[PDB]
Each structure stands twice: as structure tokens, then as C-alpha cells.
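Chemist: Each chain is listed here by its residues.
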Amino acid sequence: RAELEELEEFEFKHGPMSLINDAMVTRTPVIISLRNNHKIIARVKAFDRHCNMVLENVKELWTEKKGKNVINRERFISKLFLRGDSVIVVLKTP
Amino acid sequence: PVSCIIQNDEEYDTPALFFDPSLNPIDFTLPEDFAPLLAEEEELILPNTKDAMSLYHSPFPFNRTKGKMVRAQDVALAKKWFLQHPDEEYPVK
Amino acid sequence: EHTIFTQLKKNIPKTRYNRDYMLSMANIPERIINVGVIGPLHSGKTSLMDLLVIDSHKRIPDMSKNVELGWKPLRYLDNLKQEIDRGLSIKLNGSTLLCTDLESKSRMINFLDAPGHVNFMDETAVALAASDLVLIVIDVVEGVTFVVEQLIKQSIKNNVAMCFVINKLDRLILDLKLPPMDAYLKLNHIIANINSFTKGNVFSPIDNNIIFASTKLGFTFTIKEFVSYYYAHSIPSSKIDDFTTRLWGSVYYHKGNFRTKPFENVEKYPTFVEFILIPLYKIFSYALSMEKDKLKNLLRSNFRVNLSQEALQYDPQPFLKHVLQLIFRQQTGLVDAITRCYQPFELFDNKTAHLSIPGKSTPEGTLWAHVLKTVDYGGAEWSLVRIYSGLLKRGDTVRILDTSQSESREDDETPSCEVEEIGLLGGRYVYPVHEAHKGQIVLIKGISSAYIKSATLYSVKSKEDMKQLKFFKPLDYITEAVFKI
Amino acid sequence: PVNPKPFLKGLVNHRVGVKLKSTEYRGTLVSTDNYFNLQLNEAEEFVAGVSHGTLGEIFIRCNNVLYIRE
Amino acid sequence: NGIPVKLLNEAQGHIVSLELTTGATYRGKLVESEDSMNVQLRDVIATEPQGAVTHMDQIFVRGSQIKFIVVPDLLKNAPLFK
Amino acid sequence: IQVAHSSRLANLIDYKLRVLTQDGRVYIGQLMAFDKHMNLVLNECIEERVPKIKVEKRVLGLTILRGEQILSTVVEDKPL
Amino acid sequence: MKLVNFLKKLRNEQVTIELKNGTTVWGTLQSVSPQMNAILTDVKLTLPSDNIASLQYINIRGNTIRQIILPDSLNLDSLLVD
Amino acid sequence: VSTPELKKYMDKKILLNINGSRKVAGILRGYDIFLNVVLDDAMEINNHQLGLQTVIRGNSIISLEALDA
Amino acid sequence: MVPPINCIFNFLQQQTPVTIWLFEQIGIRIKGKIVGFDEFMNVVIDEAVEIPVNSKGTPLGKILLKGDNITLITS
RNA sequence: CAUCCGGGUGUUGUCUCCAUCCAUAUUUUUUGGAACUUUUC
Ligand SMILES: Nc1nc2c(ncn2[C@@H]2O[C@H](COP(=O)(O)OP(=O)(O)OP(=O)(O)O)[C@@H](O)[C@H]2O)c(=O)[nH]1
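Sequence order for the protein chains is g, A, C, h, l, k, m, j and i.
Okay, so the first sequence: first residue is 15 according to the authors' numbering, each after it adds one.
Heads up: the second sequence runs through residues 406 to 431, 451 to 517, numbered per the authors' numbering.
Heads up: the third sequence runs through residues 102 to 510, 530 to 605, numbered per the authors' numbering.
Heads up: the fourth sequence runs through residues 12 to 32, 35 to 83, numbered per the authors' numbering.
Okay, so the fifth sequence: first residue is 4 according to the authors' numbering, each after it adds one.
Heads up: the sixth sequence runs through residues 4 to 55, 75 to 102, numbered per the authors' numbering.
Heads up: the seventh sequence runs through residues 1 to 48, 76 to 109, numbered per the authors' numbering.
Heads up: the eighth sequence runs through residues 2 to 46, 53 to 76, numbered per the authors' numbering.
Heads up: the ninth sequence runs through residues 10 to 64, 73 to 92, numbered per the authors' numbering.
Be careful, since some hints might not be right.
[Claimed, not checked] In silico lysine-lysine, BS3-like type, Cα no more than 27 Å apart, as pairs: (1) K173(C) - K490(A); (2) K73(i) - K13(j); (3) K395(C) - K490(A).
Since the hints were made in silico from the structure, they are not lab data.
Sequences and hints are given; from them, build the entire structure.
Modeler: Structure (C-alpha cells):
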């Protein structure tokens, strides 16, 4: 099990799960696109195989809107767990 | 059924399981540490098991390790002799 | 005087499995299978049945403390007083009880015990006109004998699925004292012998056409059903299909790795000898010789089995029987190997072709049942029937025809009788039932006066069907009389 | 002869575009894995063939992917 | 192993009802079931989500797309549970 | 409505259960048996649906319910 | 490595939970499964512009739970230790 | 783990009810443990055939209702 | 029986006109030639062509279409 | 048909001695194909 874990870690370091890891290490502000139209601008704390995330300094962005209407809303949250199926594309703004 | 039962009475030091002179002559792997269920106990023959296997075939009194008590005259010692045949050599007497 | 029978309903042994749930299974034709058990003398057939019943029923009034404990075999099927005294089976007697396979599906099964003595081959054939599949019970010691050869030939011949039981395995360890190696050689020499007679087919422990049992000590294990308890609690779910087939037959094992290699490395025992027999002997040898301290823990640490303080004190045999049954649970190994070996689309259509006109005409369209024998259950004469179509009921008037008549095949063809009662055959007792369905064998009171020996039973509202319904043949009996008094 | 995984491997440090379960993408591929999750640089968001925004350094989750293209 | 799976297996023979993700109820004799609820059924009616009904012979359904299965109430009695 | 303070689902076997599914239907009935994948056997199951107004009601009976479609379960009442 | 472990460690926390269908769920996490199946107590279901519905006990499934909104005070580094 | 018992439906024409309220027809030629279907080709339900033989993915199948008995 | 994997292999060997349908997407189809094979349904398909379905033709290059969103094959 | 030498189990009393269940994400379940907009009622 331990060996497997190690292998996984190595893979992450090497492949497409490296960037996220790096970000986590640095703890920079990052944005995430999500299935339900939620732009999650937040500070990453945890990371795993599934791309679930523990989040601090959380700032989501969406639009409560029953047509025709145009409103842009966003809320601050202190600490927030996140599920991975939601995640479409994570990004890092320098 | 025509009992085939076999035991050799001479050497107690012959094992319990033996092939008697009388008998006709007749891609992938599992994890290590996986073994038979009783593989941990090494020997399947024990010092008593010879005798125990013998007792397992006996007339009434001996095959049981538990029982009640009888009067001394309710034990029939000579009853077993005349139920079985006399053999031959004996005189008519 | 004639028989030892239970004539009061309050005294019928209560059944744990809830009879009325069994009556539900009677409708679905694919759910039930009728299986008769055949074999040579004293192979354990009747004492095999005696396992299924005691496991099925919660309390039985005919159990003495002596037959419960071990010493004397209970024989439920040998109801007749002659059979008790004669020490033998004369007339065939079955039971109808439901039992679950290993998958936990619950099927209703009708057993028929055939008498094994050569002279009673009348009722082995009466068991091959009912049994869908048969169990053939073989002694390991006596080997496969000539009268065994003729049974498998009659079964191959009569379109009946075969499954073998090699019984009386204590008589190998306890009587002969064969070492674990010498035992497996003889399990081959039999199983290797069995295949030769069976033309164009092979049996094997792995395919679950062969069952290993000893009925005196009361255990039956199928190498599939043995693994699912213990060795399947160890290694991952995906390897079991792979493991089991790697168990029997010449493959060896070193550490974690099956290698068909000659016997190389150091130790040599085949995979069967090491993973089955040797842990079987160690069960024996320890349940006799070892202390009740050492043994009590080894059952907990390995088999996940616990002996009560009562169990700790019995006697050598009654204790050994208690250890084996507590290791090998209520018997799903037999019920499984029976279930998967019966394919009705290879058979049920061919069998009826052998019992009557091949056809097929008058599809459905009639209540059509086959009357086998007139069987004496206590104080009355019943007819043992099998239903190939339609639904019998109490009070119906049905046409009945002898098989002396069907050699021939509008008014004048008609004897008629009511079907007055229909029971389920229970051994000691008979359980009342209002109706019957396709596939299940029952007992009718009131048909008996209309025939002798075999008969055909039909009820029809259509003249077209009346023309097209096929009548059964005179039943075959494997022997001819030849002995005159 | 050409399987998908090797093609993917080959296409590292090269331009790629991805459609989703929908919006097109366009960026240079950084690296890939067995699960087909992606990491890209110079990401441009083609909203039905309209580059809405240039995000830059991004990581695409595998299950939302539709196809890869040059 | 799953007890619902076992129940389903037991229900073999019986007339089960069966709705999918689509919302298209069926009712028929359960021919065969597997660990994955890959049901086959005989003599089966088929209701559309809107309303209309259609008779059909031997439907197969893949458990993935199955929503819920109704089994007859006789199976409640015995002897799978204990 | 009142109910005990359980740890798991398994420990609260045979309790009358409200059940929500992804489609929006509400199955109510006693949990006879659970699963590794949260499939539920329900003893006396009633599907209750709401068309786009007021509760439409259907009595089903003994129901095997697939966990994929299950959203969440709530306790409707005590045993018996 | 595992967030599952972290989740498990979070016990007896009065938390909001957010689903794939957007339902806001205020309750005390009594337990969570290895597969994120949340078991709440003292539960309060509200939608994202309509009235509230309260419940004593709710077992929500792991696939549904989008985002568990954590408590106010929490030492995360400590939690993250094996 | 277990094989989908579709040996009854082998070499018979089947209505493969498929994802997104669509349909397919055709005679059954093969399948696997994931319930992918290999079938000799037929139309998409007025009507128009595409292909000589066709392979349908496992996930996509709602139903495979038998046209022939 | 002809397994799906075998069929795929055959198709690959051939290099024939393959027309793929998309899972949960009626309006679009793909048309090309199979180049790759995977343990899952995923493949690489060079010279592909996106098609709007009849309720014309559109430009498209070489593509691997992911196994999860496949529906139909023909070759 | 009996007598006689003996026997099991249970209840109560009394007497003696002592003593207060897998570990992990790529088609059948839990890494979702979800959401947005509109009509009728
Ligand atoms: N040593 C040994 N003896 C057994 C075993 N099983 C049965 N027997 C004995 O062998 C005889 C066979 O028992 P039955 O069941 O009455 O034989 P059967 O199969 O009914 O024989 P039929 O008269 O043909 O019905 C009995 O006297 C049992 O005591 C066994 O496993 N080991």
C-alpha cells in the first residue's frame, strides 16, 4: 500500500498533478472552474487522487438569475471542503 | 458392508498412517504468507492418535470416554466368549 | 406393526424454512427440480438424505438422544418396519424440501431415495422416470463396481443429468489408514475410472460434478463450497475463479505461486493434497488425539469455530461428528452442485420423448401427468405422480389410462375418477396440499383402483388436444423376473 | 501501430485543443497521465470558436474532456 | 455480497415491476438477474414516461440505467434475510 | 417527529424511512437491507412524487432501490 | 495523502453542506463513511430563495455532496498529520 | 465479474434502445463483460441504415429489447 | 462470438470509413479512420470529420476521441 | 399375570466441607452528462 502511495506521489510530481502540488506548496491564490458555473477563487490546503480540495480564503463567483436578468454575485467563506467531480479546470494567476 | 479395517499390532513405533502390505498396490500468483489453513501446526500424527484411532474401533465399553457405573455383577465378562464360535480343536465336552 | 409413521398434524416436525413460502415456489416451473438418488448397497444414500432433513427441520420426534449424538444413524426414509428389521431399503421413499444453493437462492427440491440392492432395481427405474437429475453415491473403498457401471448407463440412456457423490471418506482415513498421499491417488483412480464409462464427457471435483462426503460423520463439501468458507476469506475476490480451478489435478505450490513444475523445490504434495486433504486429516487427528485446550483455540484461530463446554465433553465419535458439522455448515455444497448441473433445455424435451411419443403436439392445452407407482404410505394407498402440464386440484375429475393401453395410442376410452387428495411426500408424514403444478411430484388418493403399475393422467376440454395428446409408454425395469415361485 | 497513450506522450510540449462535456480550449501541453487529466500552458478559452480569454497556466480534469486536437 | 442483489435473484420467476432513469416502468416475469442488476424479463408491458403503454416480449435491462425494482410481497416472508 | 441518535445506517435497520432520489421522487418505507453501494430494500414502499403543485402518491410494495439514484435518507418514524 | 482520513477525523462538527443540486444543509456531522457518505444530526435543509425544512437525522450520499462548508475555528495542519 | 447471459439473443435482431432517446436495430454477433454489443448492421429509428456491421458501447445501452422471440 | 476488442482490432487492421456517435449528444457525429486501440473504448482516429446530423460538412483534423463519450462504431 | 435384585430424570428437605472487515478515481452504482432558458397549468 505504502509503495503504491509512493508511486502515486512520484507520478504526481512528474505528470499533470505536479502543478497543483507546487501551488499547494507555495500556497498562492488560485481559481477553479466548476461544473455548476462556479468560479472558485481560493487558497488550497489539501490535495489527493480525486482532486478533492480543502480550501481557505474562499471566494466563489456565479450569477443568480432567472431570465431575462443580469446579476453578478460572489460570497466569502473562511474554510471549505470541495469534491473533485465538480472540478473542470484549475488555473493559476501569477 | 464387509469391513476392510486394518491395524498392525506388532510395532507400536510404526506410524498411524501407513500403506499396509495387505492393500492392493494402486501465469499468475497469490501473495506469499498465503498457506493452508492448518499448515501452521506441523505434524498431523500425534503420539496418542495411533491408540485413539484404535479405540475408535472397539466393542462397547472402551470406545466411550464417559459413562455411568454398573454393579459388579452387571458386568458380563464370559458372555462374549460363547456368542462367538467355539473354534474347533476343543473336545465335545 | 406395518410402519413407523406420524398420523397427527400437531406432531409433524416443525420446519424452520416456513412451508408456506415453499408452496409459493411450486408455481414457477424452473424453480423446482426433482432429483432421485441412486447407487449400490450401503453407499449411504438413505443416510445421505438423513442429513438434509435434520438440517431442514427444527425438531424431530423420532430422534433418540442416541441417534442425535452420533452412534446410530437415523434413517428417516426407511419408514417400513421390514426395512428397519431387514436393515435395508425396500420401497422408495422421498421427501420434498427447499434448500438454498451457495448463491442464497432458495429452490424447492423433491428427493427420491432409491433402494440400492440389485434385486430392487425395479425402483431405481421408477426413480429414473421421475428424477430430472440423479446423484450417484459411490463408496471410496469398494470402488466403482459393475452395478455402478449399469446405473450410469441407464442414466445416460434415460436423459438424466448426472452428479456423483463419493461417500464414506472416514472408511479411508479410519479403516484403511492410507496416508494423505495414498488417499488422493485413489480419489483419482475412482474419478479417473468414472469418466471412462461416461461416454463423451468428463467429471471432476472442479466442475462440481463430484462431491466428497462422509454421511456417518455427516459432512459434504464441494471444493468450490469449501473454499468459499475459508480460503475465500483470505485472498482477493478476483482470484477465486482462478484459484479453485488451480486446486485439483497435479498443480503444485511453493510460496504464493502455482507451478505445474514436476515437484521441484523440496516439499511435494499436489495442491489438492495440501489445501484440502491434509487440513481434513488434521481435523480428524486432532479431534481425537489433541487436548480440548489446544483444539478449542485452533478452531477459533483458523476455522472461526467455537466449541461449547458441552461439546468439550462427549465421546470420541460424537465429538468428531460435532467438529465436522460445525466446520462444514448446513449443506449448500450438494444443493449447489445439483443446481448448476441441470440444464432443462438440453434435457426436459428429450426426456419426455423417451417416455412417450416424441412429437410434440398438443402444446400445453391439457393437464398432463405421469403416474409412476402405487406407493403405500401408512394406512392408505397413494399414487406417486409427476405433472408435466396443467394444474391438479382436489375434487377434479380426471381421465386415467394404463400403460398397457397406450400401446394402442370419441366416447368409450374413458375411465374417470376424482382426485380426492394431494399431499407432499414427507417421509414419516404426508403434508396436505390443495393443488399441484407442473414439475412437482405428489401423492394422490383415489386414483389407485383405475390401473396397475404405470398410468397416464390427463384432463382436457379440447377435442383437438384430445387427438394430439401423447400417452406414456410401459415403464422400463432394468431387470427381468427369471426367478419363479 | 500508433496507440493513443504513446501519441499523447509524443504530443507533450506541443499545441493542443480540448472540447468539453461545451467549450473549446487552446494551449501548449505540459504533461499527461494514464487517467487522461491534462496540464497546459498558454491556455486560450475558445467559447464555440471565440477566444474569450487567455488564462495561461491551467489543469484540465479528465472526465469533462471530449477530444484532443492540433 | 449485496442482500438486495440476493433478493432480486430470488425474485427470479416472479412478476417484478421495474422503472429506469428514463422513467419507463416495466412489469414482467423476471427471467434472469446478475450481480450488476442486469435484468431480463418475459411477457413485459412497457409504460412511457408520458402515459401510453406498449406490450413486448423479452426485455433486457442494464442495472446502471435501472432506478428501482418492485418485487412481490411474498418474498418478504422468507428465507433470505434470516 | 422523533428518532434516536445513531452512528450508522446499519444500526437503524427496519426503521420507517423517507428517501430522496435524483429524479425528485420520495420513496417511503422500512429499510429491510442495506448494501456496500447504499442500495436499499424497503418493506412497504410508497413512491411520493410532486408534479410542477401537490403530492401525487403511489404504493409500490417490497422494493429494491438502487443507490446510484438515491440522494439522501431520512427517518419517518420508529419501528413496528 | 487521503482526504477521506481527514474527513473521518472531522467529528461532531456543526457544518453547512452543499450538494450537486445546490441544497444547503446545516447539521452536526456525527460520522462520515470512507466513501464520503455524510451522517448528520440536528439537520436543517434550505434551498439556494425559498422556505426552510428542518430534520433530526439525515444520511446524505457521498456522490451528492459537492462542498462541505467547514467550521469557523479549525487547525488544518494538525488534522492533515497521519 | 459474471458474463451477461445474452446467448439466448445470439444471432437475432434486437432493438438496442440507446442513450438520449435514440434507437438501433440489428442481428446480435457478440458481446463482453462490460455489455458492449457487436451486431450486423441496421437502421437508426423515417429510417436509414449506416454501416455493414456496428459496435455499441456498454454504457450507452438503455435496453436491448428482442425483435425476434 | 466476435468480441468488441477483436472487432476494434480488425477495424484498425483494415483502415476503413468509421462513423462515431457521441454519448448524450445527438446533433454531432464523427467520421474518420481508426488508428489506435486501448484497454478501454478510447482510440486515436486520424483524418476525422465532425458532422452535424440531419434533424453538411465541417472542417476537422486528426483527433483522439475519448472512450467514455463514444457510442457507435462501424467498420 | 406377578414377585424380587436393581435404574434414570425432576422438585423439595436435610447433612458435611468451604465461603459471607479491503485500500483508493478511466463503461453497471460513490469522482456523475451537470446546468441555463422558455411555454402550459
Ligand atoms: N464407516 C462408515 N460407515 C458408513 C458411512 N456412511 C454410512 N455408513 C454405514 O453404511 C450403511 C449405509 O447406510 P444406509 O444409508 O442405510 O445405506 P443405503 O444407502 O440406504 O443402502 P440401501 O439399502 O441400498 O438404501 C449404514 O449401515 C451406515 O451405518 C461412513 O461414512 N463411514
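Chemist: Of all the hints numbered above, which does this structure not satisfy? Sort the numbers upward.
Modeler: 2
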